[PDB]
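Only one protein chain is missing from this complex, and each of the others stays in its spot.
Note that the chains are named A, B and C in the order they appear, and that numbering of residues resets to 1 at the start of each chain.
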Amino acid sequence: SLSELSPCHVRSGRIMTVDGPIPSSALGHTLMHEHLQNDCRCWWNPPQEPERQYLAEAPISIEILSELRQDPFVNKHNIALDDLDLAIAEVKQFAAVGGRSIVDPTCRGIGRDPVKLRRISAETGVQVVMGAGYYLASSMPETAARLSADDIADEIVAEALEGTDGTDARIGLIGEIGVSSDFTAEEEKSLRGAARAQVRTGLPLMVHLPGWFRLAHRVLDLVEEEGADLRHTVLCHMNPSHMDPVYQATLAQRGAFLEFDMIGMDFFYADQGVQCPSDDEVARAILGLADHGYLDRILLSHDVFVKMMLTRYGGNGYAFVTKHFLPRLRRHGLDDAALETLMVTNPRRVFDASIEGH
Amino acid sequence: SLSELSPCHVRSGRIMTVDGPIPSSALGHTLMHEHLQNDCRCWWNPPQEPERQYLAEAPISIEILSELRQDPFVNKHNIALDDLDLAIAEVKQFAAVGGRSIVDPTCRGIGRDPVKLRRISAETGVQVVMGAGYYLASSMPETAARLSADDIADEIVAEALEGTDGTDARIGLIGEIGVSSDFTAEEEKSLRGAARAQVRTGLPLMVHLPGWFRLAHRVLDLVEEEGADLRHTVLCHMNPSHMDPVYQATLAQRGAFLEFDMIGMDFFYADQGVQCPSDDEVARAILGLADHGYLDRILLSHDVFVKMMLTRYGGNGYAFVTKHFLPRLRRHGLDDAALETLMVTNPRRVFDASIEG
Amino acid sequence: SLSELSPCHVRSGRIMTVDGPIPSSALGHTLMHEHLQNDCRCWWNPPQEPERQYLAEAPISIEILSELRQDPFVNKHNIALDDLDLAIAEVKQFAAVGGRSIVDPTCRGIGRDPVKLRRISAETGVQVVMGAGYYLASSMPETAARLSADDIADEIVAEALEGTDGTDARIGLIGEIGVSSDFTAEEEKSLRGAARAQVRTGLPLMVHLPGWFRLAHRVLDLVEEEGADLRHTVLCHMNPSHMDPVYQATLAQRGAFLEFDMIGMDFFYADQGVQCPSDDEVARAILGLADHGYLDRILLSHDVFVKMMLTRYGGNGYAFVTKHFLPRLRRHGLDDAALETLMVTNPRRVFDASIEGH
Partner (left out) sequence: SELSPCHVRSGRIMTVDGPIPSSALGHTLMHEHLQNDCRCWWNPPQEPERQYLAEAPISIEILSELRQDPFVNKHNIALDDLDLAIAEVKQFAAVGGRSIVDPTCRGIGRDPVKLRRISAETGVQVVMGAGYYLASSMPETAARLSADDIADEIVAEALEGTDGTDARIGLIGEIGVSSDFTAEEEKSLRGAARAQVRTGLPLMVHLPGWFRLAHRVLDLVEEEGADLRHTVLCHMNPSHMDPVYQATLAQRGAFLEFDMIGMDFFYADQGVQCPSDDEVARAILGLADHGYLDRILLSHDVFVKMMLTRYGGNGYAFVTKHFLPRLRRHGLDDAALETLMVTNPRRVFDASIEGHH
């Protein structure tokens, strides 16, 4: 009969960062979905072609970038953000263009580390909000199998109230819960646990979608069924469904945030046989959603999750959305006020339910 | 006329390479539009902000590739393909995947050099066809002002029959004739001279178009009134108008080749404020044209023209179309017969009028 | 204090017809929006060109139908359904093809008459449901100016519980509430009173939209803030917005019924300068709405409201949707189950909240 709400629940007016609560007004210019450190080794796509073996063991170098872009998971070096010093330098680029906060949804199974997040936040001066929960079935630890939906919910609640991974750092978002195109029983159990935790903690809920598929409405049905708040639920990886305006708009209508977290990402995922859309295509979709009154549901990010996405390795880094995509949205007809809404007001809205709509 | 026809005119069944004539059947798997060596200094886009000054004088390195992709012309090192050894290595990648010939439309003003082409063909074993004529106005030498359209046609005729740039290497195509969005009086004179040379030499004609505009029909009107053969006229840079199927299909109907020579190029040209389309968007356009029966008018290439487009500098190289785009077209529905038509039959059709449609 | 619910509220399982309550299961094959008798003289479009003067005064004859189709409101004889015997014969055609019920939304200002409706239901054997409330501004009674939103709600509640126009006939639907492209303060007051009546009586709410505009979301916003049930709110005249799938789908997602009540109407309204879409264009829009999972929100009717729409005058009559449009929907891809859903299940859903969705 005790309340389990986070001291930084959506009706508190505060946000839980790895360094403690901050007023929602201090969030400022924000990147809603970025990985600062992680481990994607489980997604390694072994080259079966004899001609393509050199791509697996070699460290990222300028001469192999083209091939990596057509199959980023083929390279072992690429699939792990484990360079803290580089992470710090790359994040400083964001801070250099006004960046103030970063939401890191790296959860259980893919390298979440509060100790490392605090080091980055302290050295960069950029505020960091940490996520929680379980990812895709393949990344789930041996122990998850014995856990019930409520057991998973309990773990999340504890991280929002007590601490995480043996530290007193607490989460500020229940996030990047894995839902694959197969939407396995494990994943459903995981999502139900996250949704129940959303109700118990009052924290925003972020769900990883299989972007090239269309399970978003089924995802929201489940969240809604568990009693969670759709207006504080974020649907990740919307970029690939840019050509389905009805799909995207009806989702926004239900209240969920539509996160276009793949800005700048243009890879072809050989494994899945899917292509990331262009920024122009995404820009038009965003323009369409805004024209239909859903501007306050749109979120932008890069979803940096591999080394080749850092500028040091030829990538766009964490300052690309701010430096290059915003000007592109301008070219598509969006005004300054809209840009402020996208990078500042909407992120705040995800965490603060008292913020008026658009 | 007759005496001025190239030994390899479009009704000869032969093709003129920098190393001499070859039967059209020997052309094989081809890239219709690539620059092996060139000079694009005249297009350098000086960095306005003193904060981007480093992007101008610094050499290309993996750490600045993102910025360069948003403004390729800001970097001086990037705007000139001048390393022959690298050109040779990059071209071998194409040969390694079945590549047999490359058409280099580098013409006057942008660094055409028959000696270097011959070295590349010698060391790679890849057949090279050399272009000719004048490019965009800003690249034209001061001596071009004195030339009449006929004088320009005469120069082209001489390179088709006797030699080029002080060598005995003869051209096998007229082109990458520059037409800017402004279509200046000089560019018009240049194009008329090219069209007249097309009639006189009987060689294919290739025209550079400002891809983000829609001047193609005006271009064909002029080529046609000058008496040139539209069925052996190639319209370059069609990638940007992928969203205008009527425009593209009507051009194909008139008989011209639609060259999607920007496969793999995804830069944002800041100077002009235009964006290169994605390969998926281009693939859909190609499928559409084929659905309407215009498959025999489609050509593919990369238009490699700056350093960052080579694999050595993080780019796609000359083997990308073959290795990665053909599979993409396969994913879109084109069968193997169609891929053979695109990389072998069509290129042959450009140079040989006897190939059935 | 004390309940004001109609004996046939949406959770009653019954429906109020001019002849009393009937189980919702008895509604059957239904036309959700038809006028059996009405008066549209206040919408006459006088021909400025003296050459077209003859069309204004002349009676409807086969010789001038072409001209009338290009400007229906030019003819005085056309803008009033006043022949009860013809109405009865025309309605018998609907019954002749399986029709069981008709919903007549003719309200105050446009000729609502419970006496006539009863004679029609009596002689045709077709069940008739009567609407209520006020229509567009220009048709509103002088007295409506003094009425407050609550007074309007009170009038509607009285017709749902006691009787209407001096009779004991009670209403079964609240509506064909007028909302013009101008959405005047009076129309807003009218709609607010209607929505309050929806909450108090529990009866369905039907709203007239200026189809060629996009005010539907603003309409639902108002019905929503007044506490009314969007799930039993019908948005009329959706046909003209067939080319705006995002707009239509997002309205359906909010829960409102999308009424394509202009089936068969292909006139050009000279006055407004608007053109009625073709049945093929509408069929495609309907297919799309269904493809997106909104089939249970789709309603179909003719909105017969002028003499020229009756078969006697060369028009389609009341049996057109059933005899000709359903087959067209089949040619487009809909099966008999879907057709059954459109003409029976959905109409029942309008009046009965116990009907399962999907």
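In the analysis below, contacts are C-beta pairs under 8 Å (C-beta built on N, C-alpha and C of every residue); 3 or more make two chains touch, one makes a residue touch a chain.
Peer 1: So which of the visible chains would the left-out chain be touching?
Peer 2: Looking at the complete complex, the unshown chain comes into contact with B, C.
Peer 1: May I ask which residue of B:45, B:250 or B:345 touches the chain that does not appear here?
Peer 2: Answer from the full complex: B:250 touches the omitted chain.
Peer 1: Touching the left-out chain: which of C:47, C:178 or C:315?
Peer 2: Going through C:47, C:178 or C:315 one by one, C:315 is the residue touching the chain not shown.
Peer 1: One chain is left out of this view; which of C:162, C:266, C:291 or C:335 touches it in the full complex?
Peer 2: C:266
Peer 1: Which of C:25, C:275 or C:354 sits in contact with the chain that's absent?
Peer 2: From the options C:25, C:275 or C:354, the contact with the absent chain belongs to C:275.
Peer 1: In the complete complex, the non-displayed chain touches which residues of subunit B?
Peer 2: The list for subunit B reads 217, 245-247, 249-250, 253-254, 288, 292-293.
Peer 1: For the chain that got dropped from the picture, name the residues of subunit C it touches.
Peer 2: 61-66, 70, 266, 273, 275, 277-278, 280-281, 311-317, 320, 324, 328, 331
Following the convention adopted for this analysis, only the chains that are shown with their structure count from here on.
Peer 1: Chains as vertices, touching pairs as edges: which of line, ring, star, complete or other describes this one?
Peer 2: line
Peer 1: I'd like to verify one number: the distance from the centre of subunit A to the centre of subunit C, where each centre is the average of its C-alpha atoms, in whole angstrom.
Peer 2: Between these chains, centre-to-centre, one finds 47 Å.
Peer 1: Would you mind pulling out the distance in Å between where the CA atoms of subunit A average out and where those of subunit B do?
Peer 2: 42
Peer 1: Would you pick out the residues of subunit A that each touch at least 2 other chains?
Peer 2: none
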